[PDB]
Amino acid sequence: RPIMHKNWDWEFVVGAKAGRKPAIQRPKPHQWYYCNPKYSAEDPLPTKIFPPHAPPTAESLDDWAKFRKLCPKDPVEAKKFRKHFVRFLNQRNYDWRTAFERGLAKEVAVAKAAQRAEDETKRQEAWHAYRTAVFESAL
Amino acid sequence: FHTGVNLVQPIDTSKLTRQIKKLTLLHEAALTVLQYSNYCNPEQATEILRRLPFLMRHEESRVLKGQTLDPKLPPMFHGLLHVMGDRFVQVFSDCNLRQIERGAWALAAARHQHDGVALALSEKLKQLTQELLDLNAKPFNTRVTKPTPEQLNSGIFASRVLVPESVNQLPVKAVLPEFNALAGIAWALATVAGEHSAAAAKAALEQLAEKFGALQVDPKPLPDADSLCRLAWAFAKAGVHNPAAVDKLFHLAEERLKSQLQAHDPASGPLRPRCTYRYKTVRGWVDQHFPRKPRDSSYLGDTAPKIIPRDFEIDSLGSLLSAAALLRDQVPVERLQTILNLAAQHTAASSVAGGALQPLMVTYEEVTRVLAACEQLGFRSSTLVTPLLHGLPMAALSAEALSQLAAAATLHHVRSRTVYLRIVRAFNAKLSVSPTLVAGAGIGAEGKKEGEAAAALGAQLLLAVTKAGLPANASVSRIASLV
Amino acid sequence: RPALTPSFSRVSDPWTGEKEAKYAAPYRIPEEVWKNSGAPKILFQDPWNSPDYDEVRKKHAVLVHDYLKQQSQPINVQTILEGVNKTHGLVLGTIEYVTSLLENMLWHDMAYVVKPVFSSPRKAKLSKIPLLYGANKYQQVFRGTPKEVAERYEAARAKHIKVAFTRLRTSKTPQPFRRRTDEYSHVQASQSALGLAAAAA
Amino acid sequence: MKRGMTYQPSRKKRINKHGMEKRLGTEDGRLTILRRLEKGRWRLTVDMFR
Amino acid sequence: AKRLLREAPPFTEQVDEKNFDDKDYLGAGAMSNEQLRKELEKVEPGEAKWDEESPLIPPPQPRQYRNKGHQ
RNA sequence: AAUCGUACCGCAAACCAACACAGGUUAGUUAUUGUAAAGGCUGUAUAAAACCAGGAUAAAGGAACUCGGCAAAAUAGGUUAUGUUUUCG
Ligand SMILES: [Mg+2]
Ligand SMILES: [Mg+2]
Ligand SMILES: [Mg+2]
Numbered sequence: 001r002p003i004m005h006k007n008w009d010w011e012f013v014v015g016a017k018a019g020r021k022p023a024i025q026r027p028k029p030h031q032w033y034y035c036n037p038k039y040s041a042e043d044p045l046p047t048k049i050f051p052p053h054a055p056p057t058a059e060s061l062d063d064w065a066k067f068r069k070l071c072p073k074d075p076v077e078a079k080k081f082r083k084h085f086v087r088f089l090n091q092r093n094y095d096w097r098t099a100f101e102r103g104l105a106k107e108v109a110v111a112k113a114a115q116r117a118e119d120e121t122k123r124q125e126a127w128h129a130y131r132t133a134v135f136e137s138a139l
Numbered sequence: 070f071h072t073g074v075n076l077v078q079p080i081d082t083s084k085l086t087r088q089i090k091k092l093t094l095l096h097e098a099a100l101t102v103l104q105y106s107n108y109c110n111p112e113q114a115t116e117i118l119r120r121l122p123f124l125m126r127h128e129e130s131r132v133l134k135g136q137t138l139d140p141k142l143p144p145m146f147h148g149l150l151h152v153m154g155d156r157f158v159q160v161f162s163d164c165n166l167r168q169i170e171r172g173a174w175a176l177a178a179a180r181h182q183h184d185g186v187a188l189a190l191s192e193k194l195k196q197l198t199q200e201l202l203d204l205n206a207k208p209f210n211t212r213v214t215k216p217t218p219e220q221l222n223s224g225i226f227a228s229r230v231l232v233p234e235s236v237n238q239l240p241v242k243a244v245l246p247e248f249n250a251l252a253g254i255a256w257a258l259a260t261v262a263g264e265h266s267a268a269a270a271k272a273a274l275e276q277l278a279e280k281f282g283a284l285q286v287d288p289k290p291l292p293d294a295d296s297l298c299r300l301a302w303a304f305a306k307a308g309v310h311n312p313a314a315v316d317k318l319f320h321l322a323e324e325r326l327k328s329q330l331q332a333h334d335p336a337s338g339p340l341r342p343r344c345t346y347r348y349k350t351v352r353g354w355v356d357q358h359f360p361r362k363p364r365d366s367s368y369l370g371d372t373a374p375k376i377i378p379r380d381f382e383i384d385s386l387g388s389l390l391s392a393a394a395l396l397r398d399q400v401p402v403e404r405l406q407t408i409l410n411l412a413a414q415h416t417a418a419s420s421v422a423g424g425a426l427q428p429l430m431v432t433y434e435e436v437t438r439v440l441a442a443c444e445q446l447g448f449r450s451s452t453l454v455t456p457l458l459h460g461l462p463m464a465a466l467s468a469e470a471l472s473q474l475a476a477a478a479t480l481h482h483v484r485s486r487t488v489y490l491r492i493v494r495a496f497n498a499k500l501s502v503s508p509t510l511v512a513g514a515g516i517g518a519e520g521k522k523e524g525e526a527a528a529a530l531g532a533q534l535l536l537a538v539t540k541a542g543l544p545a546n547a548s549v550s551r552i553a554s555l556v
Numbered sequence: 029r030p031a032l033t034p035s036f037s038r039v040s041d042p043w044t045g046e047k048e049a050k051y052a053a054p055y056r057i058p059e060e061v062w063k064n065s066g067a068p069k070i071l072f073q074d075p076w077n078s079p080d081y082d083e084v085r086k087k088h089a090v091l092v093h094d095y096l097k098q099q100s101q102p103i104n105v106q107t108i109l110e111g112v113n114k115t116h117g118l119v120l121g122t123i124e125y126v127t128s129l130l131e132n133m134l135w136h137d138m139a140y141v142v143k144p145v146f147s148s149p150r151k152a153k154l155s156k157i158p159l160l161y162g163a164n165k166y167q168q169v170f171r172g173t174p175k176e177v178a179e180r181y182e183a184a185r186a187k188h189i190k191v192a193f194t195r196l197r198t199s200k201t202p203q204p205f206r207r208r209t210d211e212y213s214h215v216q217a218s219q220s221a222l223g224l225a226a227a228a229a
Numbered sequence: 114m115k116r117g118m119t120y121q122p123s124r125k126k127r128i129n130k131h132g133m134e135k136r137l138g139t140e141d142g143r144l145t146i147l148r149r150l151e152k153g154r155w156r157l158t159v160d161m162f163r
Numbered sequence: 000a001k002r003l004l005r006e007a008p009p010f011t012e013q014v015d016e017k018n019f020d021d022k023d024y025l026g027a028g029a030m031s032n033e034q035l036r037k038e039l040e041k042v043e044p045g046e047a048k049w050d051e052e053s054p055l056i057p058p059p060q061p062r063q064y065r066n067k068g069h070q
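Residue numbers (the entry's author numbering), protein chains in the order written: chain AK, 1 to 139; chain Xe, 70 to 503, 508 to 556; chain Xf, 29 to 229; chain AB, 114 to 163; chain Xj, 0 to 70.
Incorrect hints may have been included.
With a straight-line Cα cutoff of 20 angstroms, these simulated DMTMM-like cross-link-like pairs (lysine to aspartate or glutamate) come out [said to hold, decoys possible]:
1) Xe:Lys375 - Xj:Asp21
2) Xe:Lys193 - Xe:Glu219
3) Xe:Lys90 - Xf:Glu211
Note that these hints are calculated values from the structure, not bench results.
Construct all of the structure, not just a fragment, from the sequences and the given hints.
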């Protein structure tokens, strides 16, 4: 079994394409796997739950092993300690999405600006050729 | 004031500082380095260099039990050092003494050779040699209130928050207060020196050796054991020939070892080194000579001290003695013998509490490093080896290592039945049958030994035991029968 | 690739304060011949901006900034214009354009200006003596010349110590705390690989 | 102040205050159940479901 | 909120800065096996006695951590 | 290793107010120097009445207004040699 899933339909992830379960509009972390349009029953199930936005460097994380070492011995403090650890894990899923959305926005803006420069260059070159023809025609 | 589009710099200084302090992976470091390496001031450029050696070790430890390190990382680690090395040279003229220490150490620690840095360090070492070895020299002061125009070029004061600084009262009667700073820089110059910068590095070090030898005073706080080792290896690597300087350096090491033993009372407990205990404070950090009690803070999550050793330890004795073997010809025999005896006394006293033996844990790498120096120096002593064997675990060692250890103990005339039994018992449990004897692998050696190789290891162990004179036991009898 | 004005005396600068076009006809003609003839003006000059309008402006600022770093004393805008043109050639046309670049540097603390001392506000307003500009080797967080920056830092340092101990006395943390937000996702990992490929190439 | 918000729903409160287990715990509650059986109401308690 | 009353628990990546080894040592040019055999044979079989040891010897004690002064 | 929750709304046109109600509704997180990344949202067709509501400007005078400086306006901030009163803070 792999640790992370690698085959995602990126049109579905960004939002241009509908999912395999259109009734679900905002998948949960454990619902992403079965909402993927490229779902297959032959692929082995990953051993951990990650969203499509997670980086490939998360395969070396072991969070519950560290939690046990930090476990307080007083049950009253232990319950609150565990509650904050679960809060930390859930928030980490939505930090990845925010970074994912900001990172893609910068790449899109760069590409759009580059196209704008090329279009103006072609228009100016075409006009210059037309201007030259006018002078040549008039001798 | 810093709102809008900056036509000169792509990233604001304050934001760049935030990213540097927020680094935990090499990929994140590569993202920052490959984009804004040309806009870092000396404070930012040197901070990245110090972190990189630690980030490389962290990733090697992130690998789980059944995984392996990504092969693309080590090439990237050296790629980032080279890029930062170039920027270090560009801003080298605006660094402080402390900043130069950070940048030089990072490259030397990573064993990355850079001609540009070596040439820059060579000129700096010459300038600092005549200033830091002067008798009328003052310690470096971090309490700056109104910086000079040249201090504004270091980038320390371009901050929107409080700048941490040491709160200690600087000594006013210290001799050569910055000797440790000079020793580290010289060692880095030797290590970072390349093929085209070797001549310049050697010339600068030779002048330092002559100045060091022609000195009639000793620093009031004696140089740390780590600094002494670094300076000794700076001469050894560079090939500097100066018996006067070499002898003086070993004299300081001898003096420090005696002082530690003189001021030790065995009734208190096993010998331990003197260290500097650094704690976090409101305005920065404070250094103490003795530890505090454990404390619970309402705001800090960690109140533990940073321990910076000053006296010698087994780790440093294996590096100082290594340098001595390289520089044997330049050291009088009398001084070498005195240091060797002091080293044995330091080891014996560090693992004894009250009237009973209390072994101190050591690793196999450390033991081999110490023994290798002794073999080169031809020093045989049972008071230095016996403490090392008691504190050495013998559960994960290969069969070959156990055989070598038994031979070493016999040659050093170690007389302890417990040590011999712990070795033969471990060796017997690793010698398996099938009709071919197989010797298991382990930390000590790579691979397994089968057939004659296993028999040879058994014969050597039996020969060592027979010379030692151990009474017959089950473990030895089984080994003899198999071999 | 600087272009000359129709008078063939200077180059046009990329900013909104430039009221002169770029001559672009295939043949060189005096202004008086074609300006009053009645022909369309777009046949002789280009009144628009270049496709690289933003990139050119950034390059010009770096040239001005680097030249100031090489200077050892504050100088006038006229000296800056002559020095840059001599070093690289005819690339800047007016002192007003250089002033606009300097204002951006002043705002972000990449440069500083030395102002005279006047006895009354009205004398200061009516004064016409040119100003002197310098440059910071690295970006700072305080305004003014290096002497002024040092004074401002000293006041700031005292305030920081005052605030930290007041917080401790009133049972607050001496130093504010936050949580570390993870800003490394799959997009960032792919950007790093792209960066290495470009650097290798 | 604006009035008319005297109902603040709570599922645990509703079951504990008017549930079948509560009505069967006292003699008066048992009499209430009989009265509702006599009148022939289809739902006896707010707590009832199939 | 954004403002914490104390340091957050160590749930993020923790980079360790303890016990960093960067010292220089000798090579691995040790003696050959045959040389060791010759040395052992040359050892005189001195009939000495063993030292008087305590009946129970405690196991090795771990060493305390160390840092560097390049802060 | 079984069992129950997992769709959608959740400062709201979906919950409490008879309503697609300018009201009420707990906790956790995020960008931003003088600003502000991500994400989210969107109004039948005109105009040169009186009058009403919420703003802006105003010559000379400056409380003459009125039960009443109601409302509106106003250098509003910081450091002071000296003096007064104190329960001495
Ligand atoms: Mg949902
Ligand atoms: Mg008026
Ligand atoms: Mg009146």
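Going through the hints against the structure:
Restraint check for Xe:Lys375 and Xj:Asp21: satisfied, since their Cα atoms lie roughly 18 angstroms apart, inside the 20 angstroms limit. Of the supplied pair hints, the one linking Xe:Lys193 and Xe:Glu219 holds, its CA atoms being roughly 17 angstroms apart against a limit of 20 angstroms. Note on Xe:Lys90 and Xf:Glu211: the hinted pairing holds, with a Cα-Cα distance of about 13 angstroms set against a maximum of 20 angstroms.
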